[PDB]
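Just the one chain here, laid out as structure tokens, in the form solved without this ligand.
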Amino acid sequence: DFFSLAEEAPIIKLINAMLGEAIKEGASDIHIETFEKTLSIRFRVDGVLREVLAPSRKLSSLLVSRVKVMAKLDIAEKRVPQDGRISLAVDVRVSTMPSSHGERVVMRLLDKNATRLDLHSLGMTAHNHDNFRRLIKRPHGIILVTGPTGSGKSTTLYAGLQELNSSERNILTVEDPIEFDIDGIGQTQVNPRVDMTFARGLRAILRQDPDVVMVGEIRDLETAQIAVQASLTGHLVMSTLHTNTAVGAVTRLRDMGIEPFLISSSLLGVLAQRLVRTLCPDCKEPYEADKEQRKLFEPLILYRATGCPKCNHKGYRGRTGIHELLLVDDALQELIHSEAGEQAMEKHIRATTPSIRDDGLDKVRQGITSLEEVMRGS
């Protein structure tokens, strides 16, 4: 019990008890901060921030170090931001930050399970959903899920793999690290301790007679090269890159050193993805689009954020994907092979497929999210 212990390493035991009390209360965040004359611990539960303890300023340097080791961070470093992860099942993100009386730390505490969705719960529109299900059922080629960090690329990969997880396929994975176990799917973790890297593991994966193979991310030329070869020898391969557009995936493959022709004969599709917060149904306010907002699309009724208790910070509860699914055809292969560039590839793709903005803009029309939340990402 955190509170009993507070009355009294015991620092390891305090920190763990605090984490335990935080989950027990349903708290989303823990803050440890140093003030000149005192130290402070705050918890946020359901948006509400509060001071749960104010122990001696002298403990500060120690609570900061303790959290640092747990998240695998530099105790010697004090002048710059640091971020790491712990899994305890609870995904805790830890952020330390230089501050005039000492590094402030925050522990973000997420439910690992709410992140686990099925393929029809990602917010794909009917078309994208239909086409993505046909893409993942193909015998061979590369399917890439792309977007910046926090796009939820891990979730969609997992949803897709799960859609395929039948005893008629052999689905193997290499991950850094494994997010959770799927069951039916052989999952492998990159372990630096034995030079077990994305490249080595994926190489071994191919001697395991797989039908489908997942790579956590393609980071280097070598992992890309093996991925391209896997996909050209009869395997369906799925991965991520953190590019900002669908067509931008082609470019990054090229810039890394993959032969333009080999990108053009291996790539099946690129699912570019973003997360937008879904407006709180309770306090979401209708309004009538002014002339400048109509330019972006009778009275057009959209919705605005505001804020209530069911949301907290802002009028949003939960989030949902918006996508642009790039599908390789004959004419796109020519454009990839000939290195025509992003502008020519997009222009080709627009005949059949809307941009992410338009997909987001469609959801705004539906009143699922705000115009701000879609535009701010573009």
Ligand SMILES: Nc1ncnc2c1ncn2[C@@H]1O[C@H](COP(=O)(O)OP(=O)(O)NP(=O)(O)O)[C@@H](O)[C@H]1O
Second form
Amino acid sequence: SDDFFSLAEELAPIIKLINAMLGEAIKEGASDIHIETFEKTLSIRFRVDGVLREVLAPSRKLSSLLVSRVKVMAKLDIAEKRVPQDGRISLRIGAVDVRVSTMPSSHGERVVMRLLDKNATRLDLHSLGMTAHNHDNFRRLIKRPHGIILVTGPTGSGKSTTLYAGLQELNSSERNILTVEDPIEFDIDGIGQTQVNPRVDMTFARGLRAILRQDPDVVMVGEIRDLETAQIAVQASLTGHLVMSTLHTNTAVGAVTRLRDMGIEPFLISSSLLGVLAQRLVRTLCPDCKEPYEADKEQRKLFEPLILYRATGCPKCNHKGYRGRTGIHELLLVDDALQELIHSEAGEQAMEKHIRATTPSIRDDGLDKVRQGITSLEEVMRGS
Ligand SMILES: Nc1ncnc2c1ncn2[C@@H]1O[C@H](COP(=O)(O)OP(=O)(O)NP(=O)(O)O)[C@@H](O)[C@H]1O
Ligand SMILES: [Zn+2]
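With the form solved without this ligand done, generate the form solved in complex with this ligand in the same format.
Everything in the complex follows now, all chains and molecules, and the chain you saw is the first one.
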């Protein structure tokens, strides 16, 4: 039921159109949908496997309606027309994550729906691209009885993915693993998952307090945004729970800084923190069109002829010569000397200096993967 092109042949029905268009986009395997306004006409385009195409040019009159409709679905400001807006939608087709972005433009806000699959995001702990060392130390870390483990990085770092991987590795029936999320990304099975619900003042803080009355061995908090959730988090870790969470800081040592700045007692950070996994996503070079070169003298400084690889571009990729992505990481492990450094508020430079004797930086991690020709030198250097 409900074909986009049929419904297009007639000039709400604006709800049946949007759903049908989404439905047709998914049927075609399209990555993105574009609704744009031009002075004398309107335009709908679909991107499929790189290729962009016009699929419909309905009357200019419809533009304000299709824009509004996508807004209300993504939970946004119908009134606001002058500034960018970004919403989310979860939908069942017969499950699709659709990211909608709008934008002021010379004849009407432009809109794109980003349409991602829910499943390609579901990776296990050995499939995130951790090096053998990081993998080993991280697996030994999440198996500890109590303390806080933070997964950190900027937006798009893949922090939710590595939490889920970690939880799944622990998901035995000997453990009681409870979760509070905003929202839940999916169901794991074996793990009690709890969504934050603003509609009843069920916040991260309230939910996490409740979790502790359910006798958990491990608890996950979707993220630590305010002092209050940090306070409970730290108390939970100090009373025999293993706690896992995220911050959006930019370095492993910056996690400590962020915690202090938020107002957690420096001593209490130093006695609860087990470790901080800082993390970035780099695109993996398309193995089909990736081209070998010989590193020049300046590129060598960063590391016989040294063979690295470069992007290029082909149909099997599209926009650039990259298919897929992988993680690069830095795993901070707390020891006696570092506790002193945290407690004494020594600062980022002194903590980093200490950690380097044992652990390589995210850049070195990235550079190793460049060496292996998994990714380009550009892709690693641009985030650094
Ligand atoms: N190791 C990995 N390899 C490939 N893809 C990954 C990896 N880790 C995460 N991803 C994907 O990258 C996207 C970002 O991951 P997500 O787990 O949503 O990140 P995040 O940092 O938690 N997000 P946010 O805090 O909302 O910006 C998702 O679409 C995941 O599929
Ligand atoms: Zn390619």
